[PDB]
Each structure stands twice: as C-alpha cells, then as structure tokens.
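Asker: Listed below are the residues making up each chain.
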Amino acid sequence: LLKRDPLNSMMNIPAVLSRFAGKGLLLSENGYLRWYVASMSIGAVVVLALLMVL
Amino acid sequence: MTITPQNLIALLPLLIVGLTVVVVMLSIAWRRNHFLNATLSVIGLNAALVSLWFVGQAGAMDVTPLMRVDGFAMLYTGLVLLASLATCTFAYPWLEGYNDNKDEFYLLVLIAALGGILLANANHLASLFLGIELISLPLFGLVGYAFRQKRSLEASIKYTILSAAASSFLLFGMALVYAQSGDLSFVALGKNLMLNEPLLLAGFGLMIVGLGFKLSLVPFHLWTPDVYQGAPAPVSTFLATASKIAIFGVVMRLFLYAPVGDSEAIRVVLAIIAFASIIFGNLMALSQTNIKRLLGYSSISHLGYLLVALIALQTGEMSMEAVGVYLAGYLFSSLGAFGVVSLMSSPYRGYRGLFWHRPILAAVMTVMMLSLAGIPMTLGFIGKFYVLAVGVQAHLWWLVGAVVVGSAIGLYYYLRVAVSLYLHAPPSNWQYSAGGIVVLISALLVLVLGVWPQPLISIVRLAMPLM
Amino acid sequence: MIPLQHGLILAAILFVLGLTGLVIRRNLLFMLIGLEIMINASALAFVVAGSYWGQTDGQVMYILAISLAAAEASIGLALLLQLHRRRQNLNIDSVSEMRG
Amino acid sequence: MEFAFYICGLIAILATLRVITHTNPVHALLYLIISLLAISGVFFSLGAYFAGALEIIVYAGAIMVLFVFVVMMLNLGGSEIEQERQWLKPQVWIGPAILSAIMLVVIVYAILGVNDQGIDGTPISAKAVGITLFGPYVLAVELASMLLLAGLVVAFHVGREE
Amino acid sequence: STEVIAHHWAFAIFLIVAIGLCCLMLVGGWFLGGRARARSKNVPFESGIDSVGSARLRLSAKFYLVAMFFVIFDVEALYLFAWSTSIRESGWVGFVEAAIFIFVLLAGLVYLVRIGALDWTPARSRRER
Ligand SMILES: CCCCCCCCCCCCCCCCCCCC
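Those protein sequence lines, which keep their order, are chains A, B, C, D and E.
Heads up: the first sequence is residues 276 to 329, going by our numbering.
Heads up: the second sequence is residues 21 to 487, going by our numbering.
Heads up: the third sequence is residues 26 to 125, going by our numbering.
Heads up: the fourth sequence is residues 4 to 165, going by our numbering.
Heads up: the fifth sequence is residues 30 to 158, going by our numbering.
Among these hints, one or two may not hold up.
DMTMM-like cross-link-like pairs, simulated, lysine to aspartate or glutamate; straight-line CA separation at most 25 Å [claimed, not checked]:
#1 A:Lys-278 / C:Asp-118
#2 B:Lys-170 / D:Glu-165
#3 B:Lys-211 / D:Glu-164
#4 E:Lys-91 / D:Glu-164
#5 E:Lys-91 / E:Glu-75
#6 B:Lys-211 / B:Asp-120
#7 B:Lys-170 / B:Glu-116
#8 D:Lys-130 / D:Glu-145
#9 D:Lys-130 / B:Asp-203
#10 B:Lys-170 / B:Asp-120
#11 E:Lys-91 / D:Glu-145
#12 D:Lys-130 / E:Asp-148
#13 B:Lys-211 / B:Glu-116
#14 E:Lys-91 / B:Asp-120
#15 B:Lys-211 / B:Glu-337
#16 E:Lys-91 / E:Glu-157
#17 E:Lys-91 / E:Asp-148
#18 D:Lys-130 / E:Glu-75
Honestly, the hints are just simulated from the structure, not real lab data.
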C-alpha cells in the first residue's frame, strides 16, 4: 500500500495546484486589445471600490 | 524664484541629453550615417554619466517648483543612463541588419533617457506626468521600429492604445487630486488635512492604476508578455530596465514625500496588488516556452517584490536602500539576460544547447538566470534578502510568504532555462564584441556583488535624499 | 457660484463615455476617437480644478494634456495607417497572434 | 453663466454619446466637433478663456486630419457602415456598459464627498498663463517640446509608405 | 457693470440674427422657384458621361505625413501663442527659454525637410530637366 510513497504525492499536491493555477491564468492572455482595456477598467473599478470600503 | 547658474550645474544630465538629442538630429539631417549618430548618442550618454560627478559636487537642491536633485535622483539617473547605454550597445549589431533607416533608434533612446532622468528628478505632479509620457512615446516608436514584422506592429498598437488609456486614467486621477488639495507639489498632498477623503483617495487610486500599468502590476499587467515579445530585443532591454527603474523611482518619491503614504487604505490596496502581482507573475511563467514572455512575467514578479519593499517605507527607514539595491541587481541581471537574447537575435533578419557553440553567452545567461531567482552568490539574492528584511521589519507576513512561494516558482522556471542552456541541440565585428563585453561585465558585477555586496550598500546609502 | 462637483461629474461622465467607446468599438479609428475623448475629459477636469482654486496650473496642465493628445493622435494615426497598409482592414480583434 | 455651462455640458454629453454609438465616421467626426465646441463653451463659462480658445484652435486642426484619414480609408459607401454595424451587438455593448456605470457612480461618490465653495467664474487671461508657463514651469515647456519632437519622429518613422 | 452685459447681449443678438438670416435665405431659396424633372437629373456631374464606379472610393492622400506633422506644429504654435502675450513680464530669461524652444522647432523642421519628409510630389512632377 505504501510503495507508491503517499507522503511524496501529498507534498507534490501544491505543485499540481501551481501548474493548474498557472494554466488557468494563462487563458487571460488571449492577445485581444479590447479585453486588455476592459481588464484595465475592471482593475480600476476594483481598486476604487477597495479604497471606498476602507 | 528664478534660475541660478548652480541650478544649471545641477541640471547637467538633462541639458547634456537634450543637447545630444539636438546634435544627433542635426547630424541625421546632414547625412544618414549609422556609426556617427550611434557614437554621438553613446558620447552624450557617457557625458551625462560623468556629469553626474559634477552634480554630486554641486549638492542637493530644489531646482524648479518642478524638480528636486539629490542622491536619490543621482542614483536613478545613473541607472537609467546605464540602461540606455546598454540599449544602444545591444541595438547597433541588431541595427546592422535593418534594411530601413537605422538612425531614429538612437534619437528615440536618447529622448526616452531624457524622460527617465526627468522622472528621477521629479518632485511635482506635472513633472511626473511629463516624464511618464516622455518615457512612453519613444517607447511607442522603438517597440514598432520593425513595423514590417507583424509582431512588432502588434506590440506597438497594443502598447500605444493601452498606454494612452493609462495616461488618461492617471491624468484624471491627477485632476481629482488637484481639485482636492489645490497644489500639485509632491509635499503638499493632504497638508490641509482626517487623512482619508474619498476624492483624494480616488485620485490616488487612478494614479495607482496608471503607474501600475507602467510598472506591469496586476491587473494592469496583460500587456507585458505581448509587448516584450513583439518589440525588438534592445527595445525589450530598455523597457525592462530603464522604464521600470524610472517609474518606480518616481513612485517611491511620490509615496515618500507625500503625507498620503501614511493612509492605511492605500497601503492595504498596494499589499493586495503586490500579492497578486508576485503570485500571478510567477505562476504565469511556469509553462512559457518563449524567453521574452517568461522575462515579462519575471518583470511582473520582480516589480511585485519592489512593491513589497515599497509598502513598508513609512514604518522602516531601510526600505529605500532595499529598493535601490534590488533595482541595481535587477538592472544588471535584466541587462545580461536581454543582452544575450539581443546578441542571439543580431543581426536583424526579416537557446537549447547554447553552450556548444556560444559558451560565454551561455555562461552569462545561466549566471543571470541564477541571479533572477534570488539564489546566493548573486546580486538578486541580495535584493531579495533586503526585500525580506524590510517585510519582516514592518510585519508583513502575507507578503513575505508570497515572496517565498514566488521565489520557489521562479526557481523552477529559471533553473529549467539554465539546464536547457546545457542540453544537446538536434558577429566577427567589434560591436558584437562590445555587446559581449557588456553582458560579461554585467555577469561579473552580479557575481562579485553577490559575494561582496558591501560597496553597493555604501553607494546606495550615500544616495540619501531629504528625509 | 458654479459647483466644482458638477464640473467634476461632467468630466467623469465624458471620461467613462470615452472609455465605453474605447472598449466596445472594434474599429481602431473609434478607439483613437475614444482616447481623444478621455484625454479631453481629464484635461477638462484639470481646468475645473484650476478654476475652483483660481490658478493657472489647471490651464497649464490642460496645455500639457493636449500636447500629449496631439502627439499620441499622430503616433496612433501613423500606426493605424501602417495597420491598414499591411492588413487592408481596421479590425483590432485580428491583432491576436501573440498569446499564451 | 450657469445656463451656458449647463447647456454646453448637456450638449457635450449628448454629442459624446452619439459619437461612441455611431457607425458613420464623418457623422461621428461632426458630433465630435460639436462636443469639443461644447467643451470649449464650458471652458469659457468657467473663466478659462485661453483653454476654450486652444480647444477650438488646435482641435479643429486635429479633427481635420482625422477627416483626411477617414476619407483616405474608411469611406466606401454603405459597406463600411454595414461592416461596422455587425461588430456592434446588444451583448457586445451591454457588457462594458455596467462596468462604465459602476465606475461612474464610484467616481460620483468620490466627487460628492469633497468640500465645495463654488467656482467664482473670475476670468483668467492668457497673459497669466503665459507668465506661469515661461516662469515657474520652464522644464515643462522644454521637455514638452522634446515630447512633441519625439512624437513627430515616431510619426515620420511609422507613417512612411516605403 | 452695464457695458459688459450690453456687450454680451450685442454679441448674442449678432449670433442669433446671423444664424436666423442664413436660415431665412436658405428657406427662401428652397421654397421659391419651380422644380425641374429629368431622367439624369440625380446623377453626379462627370462632364456628361456616366461614372466608373462611384465617388465613395478610398482616396490615398499623399500629404497625410504633413498632416500628422501639422498637428504637432500647431501645438508648438499654441505654446508660442501663450508666450507671445506676456513677453515683457517674462524678462530676458523667458526670451532664452523661447529661443531654445524655437531652436528645437527649427531643428525638427530642418530634420523633416532633409530626410525626405514634407516632399510627396512624384518623380515626374519634380520639374527636373
Ligand atoms: C473576441 C474577444 C472579445 C473580448 C471582449 C471583452 C469584453 C469584456 C467585457 C467585460 C464586462 C465586465 C462587466 C462586469 C463584471 C463584474 C465585475 C468585474 C469582475 C469582478
């Protein structure tokens, strides 16, 4: 049961999480300019809202 | 208040760069000679670099309602001048293969260096805005220099539209701030204040949006891999080094000299932006097969580390020297890496197993890849150690945890590139040799100041502005 | 006698309309037109800010704003002429070959 | 003075809205001219006579070259309007509309939270602006000249046919 | 005072009467005179023969480079407009700043002239030989 080294896979879990998160985040770099301007506007709204709530 | 001759003595790099801009213009108009205008640009940049000594012998003075000159401005002026000199040195062998005119490149580089110097000396909102635009516009020219190539035109259009939008955002936030306070000076933001008022906070948020675009900060970071890949390699070198150095220097000047830096909400949103920038920039470069996009995400992560060093400026007094040391190390490492990329891309026509045909460039590239990872015996480790010490001193535990995680991810992809340099793959002109010497001295400086960092600490701490 | 808030609200309305024209429009010429609208709106906000305090700083910032506007308009117009010359259309969503 | 400012502001808002939601490029340029005329009227009502003067002086030439480039490429009859119409869809414009609305209401919340004393409408002549421009603000003028030179060099380098 | 509101009213009446007079003569021109009917009345005038294509073709203006230079030079002109109204109070130092500004302006103009820009005429129309 232990010959697969379960603790090694348990500690390799965050490497899989990092790979999945990086592959998910790379989908945002589609290369479209209008999406880039929309994302800049989204970030401006987000930072302004965070400044208003505090 | 009027202009004294001592003010022009302190104004030596700006006047020298403007004079050599005019001289390069007139020499281009007289005759299209690549070597003559290139030598003129290098001579002017070196003249500004050695006039920094006379600026230091003059002293620190508030030369304009706009400008203030001290060791801070001196250090950042020297950094952007070194970046511009390396950009010209890498650009000349690349420009040897350009079928079109090769003379406007050095003019645009000199004008962008002038904008960087004016950003380093900025103590006014108007100077800050003008320096940002004077960095951006020659970068619009240089990014789309090879407009026959598709990707350069793509990066030029994207950078121009996005930077015009960010300039509009920054200018609107500037106008809201000026409506709140009534003075555009860097020391009179909120002097009439109850430091939290929504109009000033919104104006500073919009300037944060603009500067975070200019510093490749999340979520205004999506342009960085595209613009870095599309642009020519010396242009990528300049955009990675000089623009980031100058804009972060003026950001630190704004956040140090203003009383608005004591506000908790701006510090909280800057911590959020720094966390997101580090994690996103490190995670996005995991599966990158292209070196330019990988270095763009690297720039995002390193600017996140600089953000972490900047957030704790109000609490500790050692944050500014940490940013100076990190920016010196980052400048040298980016110069070496992008110089190896540029020398591999020169001359312009239109890295696996690099050691077996170009061993010295492979050595420089793997040294700079070790340096960018924060590994000891290199300068990037000294910068990361300074950032971690600054974060620990002001008790920013989420930020230092993000720094550790991002450093591990950067370790993975940087060392992957480093071993790929030494696997098995399936010039002859003194300008190329000069570029090789430049990247070799960059690697040697990184190694020597990683082993023995104390002289760099002494030079950085001696660059002390008005507290 | 004229509220500063109404002028700032007018400038904000023009700025967000320029950004709406920047994002939702696909032809590059209308993105440049929207960029002109935002830079004029930020300049307008600077003039209202300078007129509230009775200073020339807002007008000088307006001058710098429209100098930047003219220079960026010329640069974007040259880039758009290049795009139309080497592509024969002004679709900005086809500029997407650089991704990932 | 309130009447002129408010009417010009309403005209500017309406003309900008008609600019960003139009398919005809020449009509869009005409509404842009109307909007900038209204902006200059707003400038004139606030006492900044030089600002409105430069808004009509230098943007009449700016939109003129925009008309030149519109004639150069965009005019093709009804085909260009038809092509521009397909790019605009109800979902396409309803997407960022709520983003622009929430940004506008956040900025309005920020604006209303500041103190007010009213703009007195005292005129500011071009003499004072010239004194401040070539007085305390030397380097803004000189490096703005260098910035415009840089933009001119970029325009020459990019805009060449061959 | 009274002179200022009198001048404002005079200017407003000048605008109103000018626009109304233009509209009135346009209406009088449109309403007076009988109309003409012809088979080829609603055809663009092209010297008496039908057109090839239409007049809505895209036309490559050769002076577009000069146009995007003209915007920049217009902004330099506005800077000199701002300077020229306050020469006496600017002093000799302000004259030095404007001399540097204008010297950069002619340096850019000589650069534009010498590199082949501001010259879009064809080789057959350059009046050589
Ligand atoms: C072919 C590619 C087309 C790209 C079009 C991009 C359009 C983006 C529209 C974004 C609209 C956002 C509306 C608000 C969402 C919620 C708030 C922001 C996220 C938290």
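Asker: Going through the earlier hints one by one, which of them does the structure break, listed in rising order?
Answerer: 1, 3, 6, 11, 12, 13, 18
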